[PDB]
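Visitor: Chain residues, written in single-letter form:
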Amino acid sequence: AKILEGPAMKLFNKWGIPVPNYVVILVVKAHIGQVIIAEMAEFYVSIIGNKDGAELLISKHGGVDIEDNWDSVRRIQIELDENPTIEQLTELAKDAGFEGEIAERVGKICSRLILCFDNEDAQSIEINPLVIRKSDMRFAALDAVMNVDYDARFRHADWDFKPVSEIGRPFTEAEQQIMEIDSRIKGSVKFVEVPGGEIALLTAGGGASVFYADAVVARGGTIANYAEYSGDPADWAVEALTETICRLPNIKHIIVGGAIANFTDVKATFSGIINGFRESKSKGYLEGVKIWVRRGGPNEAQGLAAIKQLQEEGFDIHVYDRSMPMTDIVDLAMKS
Amino acid sequence: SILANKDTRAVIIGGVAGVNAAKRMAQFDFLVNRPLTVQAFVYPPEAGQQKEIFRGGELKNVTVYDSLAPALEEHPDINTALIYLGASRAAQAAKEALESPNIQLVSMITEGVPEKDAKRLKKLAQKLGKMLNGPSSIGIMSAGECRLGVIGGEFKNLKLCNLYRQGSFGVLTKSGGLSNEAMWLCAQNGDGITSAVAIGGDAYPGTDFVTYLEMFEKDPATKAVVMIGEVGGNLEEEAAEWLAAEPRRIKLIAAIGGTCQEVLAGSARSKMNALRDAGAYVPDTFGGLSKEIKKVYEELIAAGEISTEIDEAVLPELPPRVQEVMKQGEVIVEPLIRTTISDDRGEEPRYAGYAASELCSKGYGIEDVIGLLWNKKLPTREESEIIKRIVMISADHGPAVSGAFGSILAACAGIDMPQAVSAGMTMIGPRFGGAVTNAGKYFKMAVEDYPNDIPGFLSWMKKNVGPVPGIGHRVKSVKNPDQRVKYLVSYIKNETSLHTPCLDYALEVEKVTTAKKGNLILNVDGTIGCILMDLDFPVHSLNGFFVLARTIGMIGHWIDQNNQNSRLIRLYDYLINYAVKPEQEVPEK
Amino acid sequence: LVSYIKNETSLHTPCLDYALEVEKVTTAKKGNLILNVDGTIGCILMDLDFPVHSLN
Ligand SMILES: CC(C)(COP(=O)(O)OP(=O)(O)OC[C@H]1O[C@@H](n2cnc3c(N)ncnc32)[C@H](O)[C@@H]1OP(=O)(O)O)[C@@H](O)C(=O)NCCC(=O)NCCS
Numbered sequence: 002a003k004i005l006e007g008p009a010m011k012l013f014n015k016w017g018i019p020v021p022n023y024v025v026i047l048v049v050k051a052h090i091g092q093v094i095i096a097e098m103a104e105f106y107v108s109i110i111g112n113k114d115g116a117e118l119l120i121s122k123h124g125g126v127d128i129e130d131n132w133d134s135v136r137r138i139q140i141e142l143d144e145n146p147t148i149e150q151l152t153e154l155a156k157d158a159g160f161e162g163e164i165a166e167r168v169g170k171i172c173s174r175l176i177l178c179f180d181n182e183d184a185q186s187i188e189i190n191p192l193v194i195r196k197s198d199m200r201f202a203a204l205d206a207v208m209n210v211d212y213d214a215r216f217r218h219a220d221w222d223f224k225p226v227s228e229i230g231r232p233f234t235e236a237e238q239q240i241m242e243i244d245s246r247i248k249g250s251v252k253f254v255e256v257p258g259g260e261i262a263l264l265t266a267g268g269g270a271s272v273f274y275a276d277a278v279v280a281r282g283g284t285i286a287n288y289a290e291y292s293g294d295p296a297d298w299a300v301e302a303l304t305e306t307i308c309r310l311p312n313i314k315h316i317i318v319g320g321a322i323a324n325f326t327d328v329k330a331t332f333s334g335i336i337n338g339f340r341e342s343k344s345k346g347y348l349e350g351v352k353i354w355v356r357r358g359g360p361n362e363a364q365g366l367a368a369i370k371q372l373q374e375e376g377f378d379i380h381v382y383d384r385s386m387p388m389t390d391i392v393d394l395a396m397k398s
Numbered sequence: 002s003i004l005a006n007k008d009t010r011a012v013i014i015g016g017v018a019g020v021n022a023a024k025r026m027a028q029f030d031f032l033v034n035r036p037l038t039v040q041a042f043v044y045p046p047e048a049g050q051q052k053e054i055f056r057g058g059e060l061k062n063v064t065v066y067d068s069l070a071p072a073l074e075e076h077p078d079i080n081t082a083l084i085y086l087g088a089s090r091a092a093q094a095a096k097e098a099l100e101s102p103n104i105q106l107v108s109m110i111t112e113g114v115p116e117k118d119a120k121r122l123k124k125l126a127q128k129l130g131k132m133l134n135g136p137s138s139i140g141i142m143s144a145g146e147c148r149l150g151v152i153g154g155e156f157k158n159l160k161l162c163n164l165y166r167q168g169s170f171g172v173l174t175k176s177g178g179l180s181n182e183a184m185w186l187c188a189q190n191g192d193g194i195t196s197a198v199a200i201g202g203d204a205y206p207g208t209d210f211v212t213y214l215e216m217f218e219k220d221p222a223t224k225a226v227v228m229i230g231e232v233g234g235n236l237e238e239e240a241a242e243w244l245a246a247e248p249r250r251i252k253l254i255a256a257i258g259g260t261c262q263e264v265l283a284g285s286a287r288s289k290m291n292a293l294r295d296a297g298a299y300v301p302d303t304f305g306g307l308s309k310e311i312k313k314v315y316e317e318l319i320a321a322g323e324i325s326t327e328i329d330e331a332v333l334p335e336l337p338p339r340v341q342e343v344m345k346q347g348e349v350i351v352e353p354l355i356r357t358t359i360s361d362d363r364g365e366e367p368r369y370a371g372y373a374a375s376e377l378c379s380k381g382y383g384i385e386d387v388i389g390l391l392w393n394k395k396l397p398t399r400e401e402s403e404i405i406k407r408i409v410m411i412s413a414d415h416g417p418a419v420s421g422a423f424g425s426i427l428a429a430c431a432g433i434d435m436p437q438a439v440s441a442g443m444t445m446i447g448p449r450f451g452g453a454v455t456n457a458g459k460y461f462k463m464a465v466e467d468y469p470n471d472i473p474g475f476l477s478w479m480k481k482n483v484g485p486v487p488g489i490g491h492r493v494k495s496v497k498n499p500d501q502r503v504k505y506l507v508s509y510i511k512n513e514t515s516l517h518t519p520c521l522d523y524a525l526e527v528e529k530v531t532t533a534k535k536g537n538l539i540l541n542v543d544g545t546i547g548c549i550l551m552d553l554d555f556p557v558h559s560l561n562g563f564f565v566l567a568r569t570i571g572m573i574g575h576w577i578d579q580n581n582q583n584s585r586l587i588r589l590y591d592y593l594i595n596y597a598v599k600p601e602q603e604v605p606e607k
Numbered sequence: 506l507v508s509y510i511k512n513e514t515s516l517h518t519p520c521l522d523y524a525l526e527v528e529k530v531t532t533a534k535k536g537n538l539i540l541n542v543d544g545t546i547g548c549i550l551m552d553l554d555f556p557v558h559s560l561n
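Residue numbers (the entry's author numbering), protein chains in the order written: chain A, 2 to 26, 47 to 52, 90 to 98, 103 to 398; chain B, 2 to 265, 283 to 607; chain H, 506 to 561.
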């Protein structure tokens with residue numbers, strides 16, 4: 002979970018990491091609804111987590127010139143809960159090219175970074191540049207790129223921040239509405255709008271959703287959205303998700319797919335889908351659109367029978383069972 | 002099979018999610034005809050309780066322990082732990098399980114387990130030489146042998162995927178929902194699975210793909226492995242490295258999610291290319307996976323590694339619930355009770371066939387609901403007006419009377435209202451308020467057997483029942499009349515069309531009894547008893563009017579003592595006559 | 506009862522109004538977490554300002 006410049010700096014501050022004085026409401050960058095203003103040799107420091115702990119990469123060639131100067135980078139592997147001493151870090155600095163007084167200083171900074179990483183549940187922290195003002199020996203972390211493990215938030219009461227958006231652009235109304243629904247529920251509901259796209263996905267489980275999207279792209283098609291629902295979510299949340307998908311512009315087919323559920327009740331979830339299809343059809347949204355259903359899971363007979371009844375209500379709905387290979391409804395949809 | 006087998010005995014550490022896992026595991030244990038896998042539950046909130054788990058039609062009681070130490074002490078048999086706790090507690094429970102010398106395998110379903118915690122647990126499992134599956138793992142399924150978790154879904158799915166016997170295919174997925182799809186694909190296009198393992202979708206799983214592939218390579222039953230991965234990490238790259246490194250006996254079939262390289283190092287094209295180059299069967303889409311399984315299965319038949327031995331098994335079916343069998347009329351259930359007065363099964367109760375809210379809307383009252391529930395007939399305006407007055411006039415008669423005093427005593431002893439009122443209601447009987455029914459019976463019998471013979475009736479009563487029910491009062495007398503009875507009598511005689519032979523008779527015996535003792539007045543019990551007998555109300559219902567009415571008073575007194583903040587009553591010494599035995603020494607035994 | 510209090514009286518029932526809002530949240534968690542007769546009578550009577558002790 003990528004976090005903003007301000008928050009990152011706050012944690013740096015907390016673990017005593019040289020940071021320029023900043024204010025969130047001289048330089049002027051944006052976090090548009092928020093702007094940051096901070097006072098303005104260069105080095106590179108980054109700590110990137112791995113299966114065995116983390117790796118600390120250090121370079122004397124900081125700033126933009128680090129791309130070609132990747133041989134200058136000295137890296138050490140910090141084994142989980144076996145954090146190096148200041149001297150080791152000083153030696154690490156020394157290997158890079160740091161001499162006497164600064165090496166220790168760099169080493170000391172590194173430890174703090176290491177403490178910050180260990181204690182803040184970070185995935186990675188990247189400082190480029192870590193600048194030095196030789197006149198008085200003052201250091202400052204100019205560009206702070208921090209990723210924290212947001213699932214860990216319950217251990218951190220000082221985390222008065224939210225993580226940055228996965229896709230570069232922040233979320234729309236429908237999107238934020240679906241994220242609100244998910245936070246409140248024990249199950250999971252995810253919705254991402256893809257600009258344009260003729261084929262709308264309403265698929266169960268993250269793994270199956272990804273295979274259905276791949277199938278569409280591979281078959282030449284265009285995805286209208288990315289939608290996942292898993293962990294036996296509440297019908298209303300599923301109905302909320304169905305409704306959102308139907309509201310989508312210029313959609314030709316609906317892919318109501320999924321694998322064979324292990325615990326998600328297909329009758330409950332299909333009732334939420336049915337209710338949302340009925341709600342959307344009365345509002346005039348599902349005119350001409352063909353619905354493609356392929357599903358398995360607890361109470362699949364009852365839910366599949368309930369969804370095939372939607373044929374007598376005038377819906378162009380094709381419903382298949384497990385015998386139909388999972389992503390092969392995408393072919394049947396492409397052919398139409 | 003690879004991790005779970007007929008020797009696996011589990012402890013489920015978790016609550017309701019754990020119990021649902023155990024119920025699913027019990028369905029598998031019934032199908033493959035093995036003893037229950039779950040031996041115990043560890044859940045401090047429910048410590049000491051027992052969970053009812055059905056193994057087919059047989060109920061099994063599984064004990065809930067406060068901690069793992071007493072669970073393993075009572076069940077040394079346990080070698081597996083399943084963690085069904087939330088993120089904040091899962092890692093500590095997993096640590097406790099890994100540190101237990103009995104536990105060899107720990108599997109976690111938990112989602113949102115901090116990466117730092119999963120990394121620490123992987124390190125601990127390695128030090129101790131134990132297996133850690135998950136976090137975010139739906140479970141481990143060994144066809145015909147063991148099910149750990151909800152993996153495999155409904156009972157019908159276990160049968161469709163032939164999970165009651167070993168096949169030739171191993172299943173490795175990150176995704177839970179996709180292990181069930183893979184199991185089906187192996188049953189549909191191959192001969193079924195050996196073991197299916199969901200490794201979890203977390204950044205740092207406890208055990209990766211290669212760890213499991215090594216185990217499958219050593220399992221003689223597994224001839225091929227269906228591995229379902231996705232973009233992120235290098236778990237599939239390392240598996241391609243494992244396959245290329247040495248000549249492997251097992252064939253690897255792999256599908257990688259994330260080829261959305263047209264929409265916005284660990285790439286699904288880079289993973290598909292590494293595996294394809296390593297010699298794995300990699301389809302272009304998930305749909306091609308069924309074709310890759312059919313390819314490998316046909317090679318195995320041709321190469322004589324699989325035998326075409328037909329499914330020679332008469333499988334057990336899940337017993338229906340009693341209600342299902344009843345609906346079909348295939349079982350006889352003799353009811354425990356029969357009710358004739360109300361039906362609660364609809365949107366609202368129906369009292370004697372009438373909807374409770376429909377009675378409110380159409381302007382009926384409490385007195386009309388009394389008649390419906392006690393006579394099964396809507397009262398007439400006349401009847402309704404008498405019921406209303408009987409209830410109002412009997413509602414309370416001060417705090418000195420047994421019923422009211424019982425409620426006051428309980429109210430002061432700090433007892434809650436329903437329980438305090440029940441103590442006062444216990445006092446209603448032959449001497450206080452509960453002579454309504456008998457007054458009705460004996461006065462009706464007097465009218466029939468002694469019409470012009472009150473001394474005969476009285477002689478018969480003295481000899482056979484004792485005091486006449488409905489006659490006598492402790493404070494009311496001829497010199498101190500009970501205006502409650504004068505009011506009711508004048509209402510019935512002057513404001514209604516009712517002919518009252520019982521009441522007429524009772525009023526005549528009052529003239530005779532009060533001539534003997536002035537306090538032998540016709541009381542409220544006798545008055546209500548006769549009025550209701552003359553209205554032809556069921557005899558059983560007669561005491562209901564006092565019991566219901568005096569409940570208004572009894573709740574009143576309870577509220578009053580509570581509003582006063584009354585202290586406990588301990589009866590004053592000077593009011594007790596201790597007519598006790600002389601004090602004496604106890605003799606030695 | 507709710508329909509009678511809302512449509513046949515001009516009473517202001519803040520407890521009942523609150524209880525009806527929590528019912529929308531609780532029934533979203535589990536469908537059987539409805540506002541029952543106890544809660545309904547409790548709220549109506551609190552809004553009529555009947556003594557707390559008398560409610561049961
Ligand atoms: C399965 C899952 C829902 C179970 O987690 P859960 O509801 O958090 O489980 P817990 O038993 O820890 O939590 C229930 C409550 O008991 C409490 N509790 C648990 N152990 C306790 C203990 N030892 N002492 C006191 N309280 C305890 C918790 O604090 C919690 O209360 P809260 O919600 O007010 O904080 C969850 O771990 C998860 O999200 N899993 C992923 C979804 C999945 O795969 N589900 C499988 C369905 S079979």
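In case anyone wonders, no lab produced these hints; they're calculated from the structure. Backbone N, C-alpha and C fix where the C-beta goes; we use that ideal spot for every residue, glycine too. Among the hints, a few may not be true.
To be verified - Below 20 angstroms or equal to it, Euclidean Cα-Cα: the simulated SDA-like pairs (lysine to any residue) are:
no.: 1; chain 1: H; residue 1: 529; chain 2: A; residue 2: 154
no.: 2; chain 1: A; residue 1: 170; chain 2: A; residue 2: 154
no.: 3; chain 1: B; residue 1: 124; chain 2: A; residue 2: 139
Said to hold, decoys possible - Some residues of chain B that are not near chain H, with every Cβ distance over 12 angstroms (derived):
no.: 4; residue: 70
no.: 5; residue: 123
no.: 6; residue: 283
no.: 7; residue: 439
no.: 8; residue: 578
no.: 9; residue: 581
no.: 10; residue: 600
Said to hold, decoys possible - Residues of chain B clear of chain H, computed beta-carbon distances all greater than 10 angstroms:
no.: 11; residue: 55
no.: 12; residue: 101
no.: 13; residue: 113
no.: 14; residue: 288
no.: 15; residue: 303
no.: 16; residue: 326
no.: 17; residue: 355
no.: 18; residue: 380
no.: 19; residue: 434
no.: 20; residue: 436
no.: 21; residue: 480
no.: 22; residue: 514
no.: 23; residue: 573
no.: 24; residue: 580
Visitor: Would you pick out the hints that fail for this structure and give their numbers low to high?
Guide: Hints 1, 7, 8, 9, 19, 20, 23, 24 are the ones this structure does not satisfy, whereas the remaining hints hold.
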